[PDB]
Amino acid sequence: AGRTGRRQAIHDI
Amino acid sequence: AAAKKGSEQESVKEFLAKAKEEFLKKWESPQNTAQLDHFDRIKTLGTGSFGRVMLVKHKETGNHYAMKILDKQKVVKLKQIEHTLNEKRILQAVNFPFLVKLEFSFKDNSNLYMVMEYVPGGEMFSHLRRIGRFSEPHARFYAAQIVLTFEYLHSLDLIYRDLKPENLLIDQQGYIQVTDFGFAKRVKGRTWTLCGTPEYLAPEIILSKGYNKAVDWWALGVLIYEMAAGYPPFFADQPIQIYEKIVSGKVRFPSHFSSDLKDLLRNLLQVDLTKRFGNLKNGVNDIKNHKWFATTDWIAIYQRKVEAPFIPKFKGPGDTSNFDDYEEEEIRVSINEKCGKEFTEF
Ligand SMILES: [NH3+]CCc1cccnc1
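Just so you know, the protein sequences line up as chains B and A, in that order.
Mapping to PDB author numbering: the first sequence position 13 is 25, numbers consecutive.
Going left to right, the second sequence walks through residues 4 to 33, 35 to 350 as PDB author numbering numbers them.
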């Protein structure tokens with residue numbers, strides 16, 4: 013079970 | 004076969020030397037090549053934290069473009085600002101068949117704008133989620149284009165840092181176009197920003213270690229796995245659980261993966277940087293010469309001579325049928341200039 017939709021990139025984290 | 008591959012090696016070196024000369028000319032002499041009321045805005049093709057990408061139509065020529073709009077107010081964090089300048093300067097200076105072409109850029113009181121060629125076939129992401137997974141020959145065709153694109157970028161000392169299916173568009177010939185250079189950076193040795201997308205982060209990023217272009221080769225392993233399985237190798241509901249799986253040094257493979265594929269992936273998804281393919285004495289050639297790529301004609305791929313696994317349907321220019329729908333929000337330009345000094349170089 014994991015993320016199936018579009019994934020946001022993180023700029024500082 | 005041996006001497007054919009060596010000559011092929013010298014020819015790569017020759018190509019990359021010329022490509023660097025071309026890049027540096029544009030890198031040193033980078035602005036304001038259009039304005040907003042030159043375009044009709046049609047439809048939002050994608051949305052993120054800082055803004056959106058819209059299909060627009062140039063009023064004079066009728067040409068269609070993808071316009072990335074960044075809200076200067078939303079771009080408030082230190083590394084969000086620096087990254088935006090990296091993206092514009094890099095995209096104006098590169099030239100490769102699998103990289104999206106920037107046409108115009110400009111700014112107003114409220115926003116920054118980058119106008120790129122419109123690639124109407126949609127994101128690889130959509131196609132992959134719809135079909136489930138790609139067969140290994142299909143995945144390999146896309147992987148080969150990424151290998152060549154990273155060989156080009158890395159030769160220019162550029163790290164890409166956000167490989168994933170959401171950022172790979174399919175063009176009218178069925179080939180890949182990499183977009184979103186928001187995390188790309190010129191790096192002569194190591195860099196230290198904690199950035200990227202959780203599922204695709206190399207262990208050394210997560211562990212707050214100074215890192216180099218090898219993070220892109222790790223991410224290629226994640227991409228190939230996801231293309232061939234339908235899901236990525238480090239898969240959990242929350243980022244912190246993803247990070248624990250990445251650092252563990254463990255990966256499990258579907259039973260339908262070929263042994264050649266598993267061997268390649270074990271050498272890309274390698275936590276030990278002294279052992280990771282792409283990062284050794286022979287560089288990218290350990291990847292290009294791997295058995296899983298034995299059938300790959302690298303020059304034929306670059307020259308776009310290979311028949312693609314599929315061609316997206318197109319109904320005409322401006323067709324947005326291969327993209328998902330997004331909430332539309334009015335583009336409002338303030339009477340007062342916002343953040344003029346932070347974005348002077350843009
Ligand atoms: N993450 C890809 C966003 C996008 C969509 C359409 C055109 N260019 C970029």
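Just so you know, the hints here were simulated from the structure itself, not pulled from any lab data.
Where is the CB? At the ideal position from N, CA and C, for every residue including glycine.
Possibly wrong hints are sitting among the right ones.
What the hints assert, rightly or not - The list that follows gives simulated cross-link-like pairs (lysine to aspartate or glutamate, EDC-like), each with its CA atoms no further than 20 Å apart:
(1) A:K78 to B:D24
(2) A:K23 to B:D24
(3) A:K83 to B:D24
(4) A:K47 to A:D276
(5) A:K266 to A:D276
What the hints assert, rightly or not - Heads up, incomplete: computed chain A residues facing chain B, CB under 7 Å, no partners named:
(6) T195
(7) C199
(8) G200
(9) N293
Going through the hints against the structure:
1. A:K78 to B:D24: This hinted pair holds, its Cα atoms lying about 14 Å apart.
2. A:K23 to B:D24: 30 Å, violated
3. A:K83 to B:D24: Holds, at about 7 Å.
4. A:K47 to A:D276: 45 Å, violated
5. A:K266 to A:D276: Holds: A:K266 and A:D276 sit about 17 Å apart, inside 20 Å.
6. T195: 13 Å, violated
7. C199: 5 Å, holds
8. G200: 6 Å, holds
9. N293: Since the shortest Cβ distance to chain B is 32 Å, the answer is violated.
In this structure, the earlier hints numbered 2, 4, 6, 9 are contradicted, and the remaining ones agree with it.
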